[PDB]
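Undergrad: What follows is the residue order along each chain.
Number of protein chains: 2
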Amino acid sequence: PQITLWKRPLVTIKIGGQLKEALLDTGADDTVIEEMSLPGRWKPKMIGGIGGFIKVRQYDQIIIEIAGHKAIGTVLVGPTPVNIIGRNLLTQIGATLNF
Amino acid sequence: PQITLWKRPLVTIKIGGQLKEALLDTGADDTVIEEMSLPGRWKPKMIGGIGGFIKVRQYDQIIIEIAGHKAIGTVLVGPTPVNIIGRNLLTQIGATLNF
Ligand SMILES: COc1ccc(S(=O)(=O)N(CC(C)C)C[C@@H](O)[C@H](C[C@]23C[C@H]4C[C@H](C[C@H](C4)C2)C3)NC(=O)O[C@H]2CO[C@H]3OCC[C@H]32)cc1
Ligand SMILES: [Cl-]
Ligand SMILES: [Cl-]
Ligand code: NA
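The listed protein sequences correspond, in order, to chains A and B. Going by full-length UniProt numbering, the first residue of the first sequence is number 1, and it counts up by one from there. Going by full-length UniProt numbering, the first residue of the second sequence is number 1, and it counts up by one from there.
Just to be clear, a hint being listed does not mean it is correct.
A pair counts as met if it fits within one copy or between any two copies, since identical chains are not told apart.
Cut-off 20 Å, straight-line C-alpha distance, at most; resulting in silico cross-link-like pairs (SDA-like, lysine to any residue) [unchecked claim]:
no.: 1; residue 1: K55; residue 2: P81
no.: 2; residue 1: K43; residue 2: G94
no.: 3; residue 1: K20; residue 2: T80
no.: 4; residue 1: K45; residue 2: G68
Bear in mind the hints are in silico, worked out from the structure with no lab data behind them.
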C-alpha cells in the first residue's frame, strides 16, 4: 500500500497471538510493543528518545504479522502507550519512504 | 527519492542559513530540532516522547529546506537526541510510506 502521512501511519499487527494497532515509525531503530508476555528468554535494555530513557525487555526471534506481511526479528517490550514498528521490522516488509 | 530503512533515514536540512543533519521520522507528529536561534516569537509547547514530557519552543512559519525540498512550517526547538523531521513537514515535501 501507499500510506499518506496526513495522519499517524497506524496498521494492524499480530504478535503473540494478539491483534494490536501499531505505528510504522521510521525514526525508531527497533520495534517496541506495550507490556505483554512473549515466550522465550529476554534480556534488559535501555532505549532513549525525547524525554530520556525507558527500560525494556529484549526478546529475539519473534514473529510478527504487520498489515498482512510476516516478519521476524527482535522485539522490545516495555511501557509505551503506543506500539511502534521500527526499522528492524520495516525493512523486512520492504517499506520505503518516498518523495 | 526512494529511501530504504536499513540505516537511519538521515538527510541534510537547511534552516537559518545553516546545514544540519536530521532524521525523517514518521512516528513524530512534529519537527523537533536541537537548540538554535530562530527569528520571531515563540509559543510554549509540551511534547511527549518515549521517556516522558519536555517543554519546547514553538516557532511557526519557519523556512526550512529538507533534502533539497522547500517547506515552510512549525519547528519545535528543545532537547532531542537527534533532529527529527515529523509529519507536519514530511507532508509538505510529499512523503509517503510504501510497501
Ligand atoms: C532503540 O529503539 C528505539 C529508540 C527510541 C524510540 S522513540 O520512540 O523514542 N523515537 C525515537 C526518535 C525520537 C529519535 C521514535 C519517535 O518516532 C517517537 C515515537 C513515539 C512512539 C510512542 C507514541 C508517541 C510518544 C512516544 C511513544 C514516542 C511517539 N516520536 C516522538 O518522539 O514524537 C515527538 C515529536 O512529535 C510528537 O508527536 C509524537 C510525540 C512527539 C523508539 C525505538
Ligand atoms: Cl532484528
Ligand atoms: Cl531492500
Ligand atoms: Na527468543
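Undergrad: Evaluate each hint against the coordinates.
TA: Results for each hint:
1. When the C-alpha separation of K55 and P81 is checked against a cutoff of 20 Å, the pair qualifies both within a copy, at 14 Å, and between copies, at 17 Å.
2. When the C-alpha separation of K43 and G94 is checked against a cutoff of 20 Å, the pair qualifies neither within a copy, at 27 Å, nor between copies, at 39 Å.
3. Within a single copy, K20 and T80 get their C-alpha atoms as close as 13 Å, which meets the 20 Å cut-off; across copies the closest is 28 Å, which misses it.
4. Taking the closest pair of Cα atoms, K45 and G68 never come within 20 Å of each other, the shortest separation being 28 Å inside a single copy and 37 Å across copies.
In terms of the numbered hints stated before, the structure departs from hints 2, 4, listed from lowest to highest.
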